[PDB]
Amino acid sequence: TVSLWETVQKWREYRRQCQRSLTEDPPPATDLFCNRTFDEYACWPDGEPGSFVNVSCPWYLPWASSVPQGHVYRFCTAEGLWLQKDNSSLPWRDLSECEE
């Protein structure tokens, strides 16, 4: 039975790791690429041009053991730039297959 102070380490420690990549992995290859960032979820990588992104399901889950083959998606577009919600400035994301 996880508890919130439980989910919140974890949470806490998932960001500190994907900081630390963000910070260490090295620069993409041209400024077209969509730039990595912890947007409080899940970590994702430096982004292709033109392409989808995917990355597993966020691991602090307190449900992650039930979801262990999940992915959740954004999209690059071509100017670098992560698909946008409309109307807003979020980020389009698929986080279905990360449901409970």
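For the two forms, the rigid core is made up of the largest set of C-alpha atoms that agree within 1.5 Å on superposition. Residue numbers count along the first chain shown, from 1. What changes on going to the form deposited in another entry:
- Relative to the superposed rigid core, the position of the CA of residue 30 differs between the two forms by 2 Å or more.
- Comparing the forms between the two forms on their rigid core, the Cα displacement of residue 89 reaches 2 Å or more.
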Second form
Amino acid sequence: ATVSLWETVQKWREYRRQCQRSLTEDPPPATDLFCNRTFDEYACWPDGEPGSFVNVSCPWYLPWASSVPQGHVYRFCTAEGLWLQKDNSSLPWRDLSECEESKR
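With the form deposited in one PDB entry in hand, show me what the form deposited in another entry looks like.
For this one, just the chain is written down, with no partner chains and no other molecules.
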């Protein structure tokens, strides 16, 4: 209901702070092949299991987060323990379609 760039930036900085805490303190995975946890600036990713989709909840700082409570963003962890990318130079594949704002 409230629009505030200021409030939204502050929620994003809090989500980033909580994420950094998880990245620092979460125990290492159950060995030793896993895609590595990261904060991509939009979402906080945990370590991935090889050959798996990894889903995290839509970031709670989104102004419309309460409209998408069961939505998830996805990455894919390849069997080699690397995040799926696309081509040569690209960022990791991500699907955030469930977290988008519009009704349609």
